[PDB]
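Listed below are the residues making up each chain.
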Amino acid sequence: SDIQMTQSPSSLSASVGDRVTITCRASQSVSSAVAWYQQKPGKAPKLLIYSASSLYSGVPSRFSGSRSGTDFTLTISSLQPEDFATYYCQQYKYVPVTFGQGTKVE
Amino acid sequence: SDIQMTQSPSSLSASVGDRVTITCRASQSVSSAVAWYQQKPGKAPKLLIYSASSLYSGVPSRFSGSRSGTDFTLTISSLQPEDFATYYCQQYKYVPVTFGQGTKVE
Amino acid sequence: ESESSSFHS
Amino acid sequence: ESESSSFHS
Amino acid sequence: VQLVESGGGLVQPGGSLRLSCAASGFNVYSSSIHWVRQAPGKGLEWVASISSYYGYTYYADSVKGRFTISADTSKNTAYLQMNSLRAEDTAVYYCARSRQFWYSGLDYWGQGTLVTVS
Amino acid sequence: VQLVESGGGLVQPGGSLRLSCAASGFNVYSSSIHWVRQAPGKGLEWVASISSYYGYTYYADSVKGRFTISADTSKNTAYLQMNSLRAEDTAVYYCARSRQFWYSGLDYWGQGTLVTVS
Amino acid sequence: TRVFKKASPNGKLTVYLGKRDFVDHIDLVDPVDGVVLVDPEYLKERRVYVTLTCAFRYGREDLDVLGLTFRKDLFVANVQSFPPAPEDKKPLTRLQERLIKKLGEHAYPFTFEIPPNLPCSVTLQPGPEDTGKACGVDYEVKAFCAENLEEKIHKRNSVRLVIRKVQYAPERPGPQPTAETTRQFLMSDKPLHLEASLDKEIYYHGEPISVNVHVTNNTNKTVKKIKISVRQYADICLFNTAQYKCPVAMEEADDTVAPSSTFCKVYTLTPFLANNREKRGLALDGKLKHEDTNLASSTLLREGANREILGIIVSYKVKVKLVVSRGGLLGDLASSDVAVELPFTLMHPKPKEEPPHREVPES
Amino acid sequence: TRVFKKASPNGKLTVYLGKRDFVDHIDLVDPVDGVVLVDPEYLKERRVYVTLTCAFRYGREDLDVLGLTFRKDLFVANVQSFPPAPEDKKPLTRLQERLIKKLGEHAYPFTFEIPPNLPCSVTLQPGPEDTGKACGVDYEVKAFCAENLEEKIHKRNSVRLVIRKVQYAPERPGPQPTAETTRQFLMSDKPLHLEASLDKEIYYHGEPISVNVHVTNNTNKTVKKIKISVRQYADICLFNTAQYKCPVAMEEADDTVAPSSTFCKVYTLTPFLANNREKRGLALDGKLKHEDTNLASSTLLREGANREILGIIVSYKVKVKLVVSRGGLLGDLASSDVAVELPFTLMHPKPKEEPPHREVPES
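Residue numbers (PDB author numbering), protein chains in the order written: chain L, 1 to 106; chain M, 1 to 106; chain V, 343 to 351; chain U, 343 to 351; chain H, 5 to 122; chain I, 5 to 122; chain A, 6 to 368; chain B, 6 to 368.
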């Protein structure tokens, strides 16, 4: 059985600088074999967080995320206008690998 | 061509103790690759002289022989009654190997 | 089998 | 060709 | 270092082509490769991958058997085997690489490719 | 040390037998063997010989081809091949051995053998 | 952040560890310690014991029965887990006291320090017929209890654990090994000369290695082939010392050289498992239970000490040989070939902030 | 009794020799001398010269043209045969003056003494492709004359002679060589042991040699085969030193030994030419022109001197190896065999009163 995966909220509209969080959870324990991804329209995806907490090179500090048991979360401490894009929570513990529906910013 | 060999005299009758010689000659030079042989009726042959001068082990001194150019000779200085037997001059320098007719004592 | 635990650290 | 000789000594 | 892909286009159903993905700088053994498609408006779905160092291959049940991957070390490129194509499989495909030691994410992603039928 | 021979007898012309001569104490390579026949009341005539160390064979033109020798190291014995036998070939045959290093005479002689036809 | 844990069949014991892989720096070694939860009422003997131990274990003689493996105790250390002893009056780590508070005052610590220069984790390629357990170097620890030390193990009341002893690539760069050789012949005094060079002395798995070779053909004969060899060297020590090697890869160049001439070229090779599954006894890094670990990494010695360590030791060397056309007044009677070889190293870098997981692509 | 002789194409010179084979006793060497007849009126230059000489000669590089062979002068000595010189005031052998009287006072002597520790007569097995002249160690002497030493050879007015440098087996008996070996294995400390012994250390051509071997199997594995080897060793020195060997005969015994047991047996082998004609470069005693000389006899060294002699040197050794069944945790990866070898001697005795003739069975 693959990882039947749920993530929410779908999208949010607000002003710049506020803190907004995105939640992620799975059907079974994954320990810490989790990652998050970002993509922009007409552009290839981009990796943001791996091992559920690791920060990739060049990432501004405002990018953040954490694990809570079998529930998982990514968050921006304070948003910026350029950050409007699509985001994905991702797992890699078992095959077949599975993604989420996505995310929107507005 | 084989070695056409001539040996004479054929045989001799005389008293004991006298010296008697047997001669041998060949159609071509044989250096010293010559030998003499003896045999008794109903018995296998026996070697007497090899290399035309060499004396085999156990031979009484009275047995003798010598080379003379391309002519060859065997001789007993003084005969004994037991020496009545058949004798052969023999070469071994070329194949096919050839013998003489033989000799007789009486 | 071994198991994993968290840390309120 | 080789050659041989005697010795009548 | 960049990766280039090609080998698709407009076809009619049933047939198949050979999509390819060309590597650069690093040999295949240094890493492992995967494949993902994007249905229009939809998310992402892993389809295939290769473990050349280990030699295993893994494919989604949705395309199990009807799809397969191929590659050569000398060519530094892979080719996508497939057959029995459904028009509804039309999606935007992407090539990407992950470290063999050890798989923790996808860093490099190509410009993508698309297929369609009339 | 002695040599024993056998393999003859009484026959009618045409056929042939396998006369043999068994060695003792020393291998074939240590020496070479020959063969001689004696017609009644006549002298001696070399017929054949073997050089095991060198492997050559030599035969009298009177019997070239129609006669041949054979031997084995392990068996320590030789056998006399022949065919197309003439009744007038009836003679007393003898086995004897000479040094390979080096041929200077015949020291050992067997008891001999005879053949005849009716 | 997070830690491992395991419990006993008797539902009365639980263990906790901060990691499973422990680093050896040659100049020193990591310490190991932890804490264990216990059930007081479950025991009345007034004595509890645990024991870390290291040994070389593998198929004993020819015993096909499961678990019949020779047990050579390269290192043994034990402690009475409870009651405490005056020898336990030593400091503790912050995480230990953290977990004590997390659990309360009903758990007791344990600690060990490895003596340097012990064999590292390693495994031997088990063939298909090798259906039994694996053979290799192991580091393990077990927990138990009893009223008299003579008491042996008890199935329902015991628990064990396994770890790996590994190494990481030294950070400082090393010398660039190169070697040249000369060969003379008995009918022409114009000797052959040869040389081969490499890029660097350390490498990572899956990373290609390249070699540069120069050829000096000074005689009448001509070169016919050039063999390329990358061979693993295996050091074995159970009862005595033994040595034998197996090639991981090889190539034979088709280049040829005219009489009284010279030539140079470069070649590249890559080692990998796929083309070597069938071969028995290949050097493989220590597994955990059944993981398809990559090829064994080169084991660095104990610095300049060069002691007569026990166990298994591994290294690698590249070699090249030349085929020279036969001829002259010799023919097949004489020998013609020449060869040279160089050493090198293969091993992973030090993990940045995350040691390798357990078979990420779970299937 | 009798002597050899030869004459020049110009019908003016005649040479005389007492023998063609000359003995080396290691502790000393035979002297060589003779007399030559000359035609006075045939010469007015007032100078006549002759020269004994030794050299190692064989195919030079790849010179296919007849007679184009490298000439390495290991030893050269010359004398102005006539007119006489004050250096000739030395005694002569009685036969020399006897031959002078047999010829009259118009012949002049010559003499030479060999310096010890020079290469002995030897030849290399020429294959069918080796249709050119033979290759080997040669000892030769030539006769000539001229008006000035700068003068070179002249075809019509020269003649050359050849001899052989041989040796005979020492009369005193030697030690009985025997050897034993031990082999251990890394999973069982019951080492293998082995031993082999021979009858004597000297032998005659064509005489069988027998060996006695004892077997000591102490471990689980079992012996599968036993190889019997008799290998010739060839020493080569033209520009530098080289070594390689060729087997004359061999056998592989089918005996096997059960685990933890012992066994003994005896085996016999016989070297001979017939089974080895095809092989090039086999060690063959010095031929004269075309005689089918037997295998080369072992060349005894110069006693305890052990000098760095030039030329060719030969010896023989018997070797035996054991095939041990593979198994255990090793498989094909490790090595199993064990072996041992002994030296010996093979050679003719000293002739009693007649050195070997020239191919008695002329055909």
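There may be inaccurate statements among the hints.
To be verified - Here are the computed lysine-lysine pairs in the DSSO-like style, where the Cα-Cα straight-line distance is at most 30 Å:
1. M:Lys46 / M:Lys93
2. A:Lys355 / A:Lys230
3. L:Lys104 / H:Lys46
4. B:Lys270 / A:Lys250
What the hints assert, rightly or not - Now the in silico label distances, taken between C-beta atoms and shown as ranges:
5. A:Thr98 / B:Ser265: 30 to 36 Å
6. I:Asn80 / B:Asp78: 49 to 55 Å
7. I:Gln6 / B:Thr136: 45 to 51 Å
Think of the hints as simulated: they come from the structure by calculation, not from any bench.
Idealized CB from N, CA, C, for every residue including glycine.
Each hint, compared with the structure:
Distance check on the hinted pair: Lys46 (chain M) and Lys93 (chain M) sit about 19 Å apart at the alpha-carbon level, within 30 Å; holds. Between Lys355 (chain A) and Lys230 (chain A) the alpha-carbon distance is near 40 Å, which puts this suggested pair outside the 30 Å criterion. A C-alpha spacing of about 13 Å is found between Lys104 (chain L) and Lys46 (chain H), which places the hinted pair at or below 30 Å, so the restraint holds. The suggested pairing of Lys270 (chain B) with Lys250 (chain A) is violated, with an alpha-carbon distance near 35 Å, which exceeds 30 Å.
Against the hinted window of 30 to 36 Å, the Cβ-Cβ separation of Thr98 (chain A) and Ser265 (chain B) comes to about 54 Å, which falls outside the hint. Separation of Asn80 (chain I) from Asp78 (chain B) is about 50 Å and conforms to the stated range, judged on CB atoms against 49 to 55 Å. Evaluation of the 45 to 51 Å hint for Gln6 (chain I) and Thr136 (chain B) yields a pass: the beta carbon distance comes to about 46 Å.
Of the numbered hints listed earlier, those contradicted by the structure are 2, 4, 5.
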